Structures are given as structure tokens and as C-alpha cells.
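J.: These are the residues of each chain, in order.
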Amino acid sequence: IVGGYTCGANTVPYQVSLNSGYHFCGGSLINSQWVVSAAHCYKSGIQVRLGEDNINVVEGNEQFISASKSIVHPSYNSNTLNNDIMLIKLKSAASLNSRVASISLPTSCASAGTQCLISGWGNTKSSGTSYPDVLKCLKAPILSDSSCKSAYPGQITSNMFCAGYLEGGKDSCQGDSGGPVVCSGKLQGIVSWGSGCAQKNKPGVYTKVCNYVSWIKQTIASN
Amino acid sequence: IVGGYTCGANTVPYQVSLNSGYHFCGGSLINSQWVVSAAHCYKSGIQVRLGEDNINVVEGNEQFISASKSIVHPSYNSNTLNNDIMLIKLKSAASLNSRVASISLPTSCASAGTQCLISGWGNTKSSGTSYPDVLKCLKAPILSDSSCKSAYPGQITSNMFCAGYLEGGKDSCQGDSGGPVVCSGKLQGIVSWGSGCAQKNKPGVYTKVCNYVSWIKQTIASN
Amino acid sequence: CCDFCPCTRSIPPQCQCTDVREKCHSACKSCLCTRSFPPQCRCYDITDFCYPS
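Chains as they are written, first to last, in the deposited numbering: chain B, 16 to 34, 37 to 69, 71 to 125, 127 to 130, 132 to 183, 184A, 184 to 187, 188A, 188 to 204, 209 to 217, 219 to 220, 221A, 221 to 245; chain A, 16 to 34, 37 to 69, 71 to 125, 127 to 130, 132 to 183, 184A, 184 to 187, 188A, 188 to 204, 209 to 217, 219 to 220, 221A, 221 to 245; chain I, 8 to 60.
Just chain B, with the same shape it has in the complex:
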């Protein structure tokens, strides 16, 4: 997160960190056994880390659970990043409390102008590299489809949306992928791609989770 603020410990209780020796992506806990992430975050040997604040320090509220299976979207497009959505099953059910909590899936898609919360442990700089250890948060609005396409001509499918600021200075960044965009208490987005970070006219592009509610529901039902 570039331009953000320190969330506070466990204030984003659905935020998970994905670990393979190091933090590589985020994800969002949607029930006690399943995490939503980006399909480009696919890796073998994933451990989900819940309850986290400083990811380099065990602070006593963490739960570390290995992934037992990963389900990348059947139509995930590697070249275009269309259908950038993945399901990860926890090998043991997480214990849900005030600091490790599931996040609701949308019943309806979010509209342009709606304010969302974006979070992650990614880079804090739009030029150079500084990685926070504590979780960062960004309040950013959904941008019109029109605004998104004009920023990224020919790159925006119906399974994407832009959120953030055309002026620059406030965005998600590398290390934030897979993590939540939550608006009105529903998981409306997944941190996906951009050109650089927090650059003028280069807003963040996110997976439009509302298009995936029925594949999520049926997939978890039979796995």
C-alpha cells in the first residue's frame, strides 16, 4: 500500500498473509476453511497466516494453517489477467474470534464512487522499495468502468474494476496481490495488477468478485 496508514493490529481480521518461506501475496478469509486470493498468486506449498499484524513477529494472535488444496479459476487467463481469482482450502478449520474473522461475499456488485478498504503488506513507495511489517490500509473509491478503460485502453475486461486515485500517490503495490478490497462490508475486490504503483493515470486494477459468487459457492460446496 502506497499512501496509506497503519491499520492497527487485527482491525482487518479477514486479511490473510500467504507464505512460502516469505510473504508473497495476501488473501481474504471467507469462511473457517477457505481463503480467496488472486490466481496469479498460485504457488505450491502455501501456508496461510491469519491473525497477523507484524508478519516478521509472532505477536500471539496468529494462526498458521497449510493449504491442502488450491483451486485456480477454470478460465483464469494468464496473459490478460481475466478471471484473476483463486480458492485455497485450509487443511484445518481456522478458529474464528474478534481477530480472525471471515468477510462476507457480495450479493450485488459495487457502484462507482463507493468507498472501499484496501489492505496489505506490499511496497509503500511508488519509486523504490520499502516494505512495511505492520499491515497498511487505504480508503479508495471504485472508479467508473469508463475511467478504468481510458486509463488502461484495451486491457480492462468485465471481470475487472479500477479503484484509487488518478492524481497518484495512493494505491496498492507489489506484495498486496490477492488481498481484499472491501466496500460496505463485502469483499468486492482482489488486488490484481497495475502499471507501476500510485502513478498518475495508472490506477489499481482489481478482480470483480461479484462475478464469481456462484463459482465460489459451488466450488467450496463440493471440495
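Please keep in mind that the hints were generated in silico from the structure rather than gathered at the bench.
Beta carbons: idealized from backbone N, C-alpha and C, even for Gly.
Be aware that a few hints might be false.
[Said to hold, decoys possible] Here are the computed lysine-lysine pairs in the PhoX-like style, where the Cα-Cα straight-line distance is at most 20 Å:
#1 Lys109/A with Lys60/A
#2 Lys87/B with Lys36/I
#3 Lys107/A with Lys145/A
#4 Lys222/A with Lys188/A
#5 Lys36/I with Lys224/B
#6 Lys60/B with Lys107/B
#7 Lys188/A with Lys109/A
#8 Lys30/I with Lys169/B
#9 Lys224/B with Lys30/I
#10 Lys107/A with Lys60/A
#11 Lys145/B with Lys30/I
#12 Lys204/B with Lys222/B
#13 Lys107/B with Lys159/B
[What the hints assert, rightly or not] Stretch by stretch, here's where chain A covers chain I in the computed footprint (C-beta under 8 Å, at least three residues):
#14 9–17
#15 40–51
Using the hints provided, position chains A and I relative to the given structure of chain B.
T.: Structure of chains A and I alone, referenced to chain B:
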């Protein structure tokens, strides 16, 4: 056309050469006043050359008519090449006869396996560079969209089909763009793109004209 | 460098590199990346040539 054969003078009467001082693309005459080409063939100062065989010799049946206007598809995407179709109005109606004839638009899409006629004055070599200069023809079937997507993972939209041969050897090539793919007497495709020419597992990709009949119709009626 | 290079079949051709890489990227002007470690980057520039592999 790589791996084709010399058509025979004026045996493909709907075929046109687009000229801006040199042949740059092909096209298809669909009525006395309108040509169908690719959107990526868009160029200012276009002259339509009808009734051609050798594009370097005036042979006595040609009609040269300047474009009065070009209309690129509103949803044409120069990145993904989706909606690669352009309409070109002729400044004066062409005289239709045996050697200059329009081609029927499709009333349904063509299913995979259908044999089609593909033509142009493009490169005849898959490595180097040799231009005909008479019109070359190629008989080639439409490939399944499954084979198409397997050949070009992530690159194929609902507005595209592949045709040709996965073995390589026979294909369209540079200079063939905008030209006809005609199957059972109907314009089913527009020469568009590929990775090289006549390469193994890299067949030609064509604009799926059957998706556009209604736009074509309404655009001609109003311009 | 470029491995996968599709081109329109016009004169001149319109070509781009659809290679997914990590580095992004001096020669390239328009380069989109996923927001993971490592990033997955693409050059969405369209040119005359390819380049070679």
C-alpha cells in the same frame, strides 16, 4: 499467402487491394459502395483497387476508387485485436460485372471443419520475403475454437477464429490483412493476425464477420 | 528479447511481445505487472519488429 496457388486472373472478384502509394492491406467488396477490411488496416488516404490480378500492372479490368470515408469498429481494440473490422465507403459506386463482384455476408456463423477460400497479395514465405505479385489463393478449414485457444493461450476472443493447418506450411501472411475468408459463398472471416506465418501450431487468426452483420448493415444504411 | 510475438498481417505489421517476465523494463515503455512477489510483468507496446528469442 504461404503454401497457396495462383488464383487465376479475376477468379476472386470480391477481393480488393488497399493502396496508399503501395499495397498495404486487402479487403472485400460487399456492395458497389462498401469494402470490408481489418481495423488495424486503418490508414488515411486510401485508394481501393478493384478488379486486380497483378497489382503492379494495369491489365484492363481494374477500377480505382478513393475511399470517401473509413469507419473502424467502435469497440476495436488495437491491443488484443478484438473487433478487428473496418468499413470503407467508396467515393463512387464501382461497376459490378463478372470480374468485380460483391461477396455475400453470412446469415449464420460457419462451424469448425468448413473449407474456406483465403486470398491476398501477401508474403509467400514463412521465413524470408517474396511477394507474388499476382493474387494467391488458399483452401483451408476453420479450426475448432478449442484448437485456436490451445495455439494461442489467452489471446482468442469470441470475435476470432483460427483457420489453416496446425502442421504449418500453409497460411496467410503479411500483406494479406483485411482480406477475405470465404466459406460456402459467404464472407466468414477477415485476415487479421498470427505469430509468424505458416509456423507449426501457429495458424492464422481471423475476424469472425458473422458477429458483425448487424453493425455492418446499420452503418451502411446511415452512411 | 522476445519469445512470443504475434503480429497483424498488414504492411507494416503491428507486433507486440506477449512474454510474461519479472523484469520490467527499459526498452519497453508500456509495462503492466501483477502486484505479487515476484511480479508478473508484460510489455504492451506495439512495434514494427519483434524482437528475437
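J.: Just to make sure I understand the rule, a stretch counts as covered if three or more of its residues have a C-beta closer than 8 Å to a C-beta of the chain. Does the stretch 40–51 of chain I meet that for chain A?
T.: violated (count 1)
J.: Between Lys145/B and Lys30/I, is the straight-line Cα distance small enough, at 20 Å or below?
T.: holds (18 Å)
J.: Does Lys36/I pair with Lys224/B here, judged by a C-alpha cut-off of 20 Å?
T.: This hinted pair holds, its Cα atoms lying about 14 Å apart.
J.: Are the Cα positions of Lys188/A and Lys109/A separated by 20 Å at most?
T.: The given pair, whose Cα atoms are some 36 Å apart, is violated under the 20 Å limit.
J.: Can the restraint linking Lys60/B and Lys107/B be considered satisfied, given a maximum Cα separation of 20 Å?
T.: Holds - the C-alpha atoms of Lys107/B and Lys60/B are around 13 Å apart, at most 20 Å.
J.: Counting residues of the stretch 9–17 of chain I that have a beta-carbon nearer than 8 Å to any beta-carbon of chain A, does the count reach 3?
T.: Coverage by chain A holds for the stretch 9–17 of chain I (7 residues, Cβ < 8 Å).
J.: Going straight from one Cα to the other, do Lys30/I and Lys169/B come out at no more than 20 Å?
T.: violated (25 Å)
J.: Are the Cα positions of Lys107/A and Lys60/A separated by 20 Å at most?
T.: This hinted pair holds, its Cα atoms lying about 13 Å apart.
J.: Against the 20 Å threshold, does the CA-CA distance of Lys87/B and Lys36/I hold or violate the hint?
T.: Not OK: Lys87/B and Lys36/I at ~38 Å, beyond 20 Å, violated.
J.: For a C-alpha distance cap of 20 Å, please report whether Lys222/A and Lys188/A respect it.
T.: Cα-Cα ~10 Å, so holds.
J.: For a C-alpha distance cap of 20 Å, please report whether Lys107/B and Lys159/B respect it.
T.: violated (29 Å)
J.: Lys107/A and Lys145/A were given as a pair; does the straight-line alpha-carbon distance stay at or below 20 Å?
T.: Violated - the C-alpha atoms of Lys145/A and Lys107/A are around 32 Å apart, more than 20 Å.
Hint compliance for this structure: hints 2, 3, 7, 8, 12, 13, 15 are broken, all remaining hints hold.
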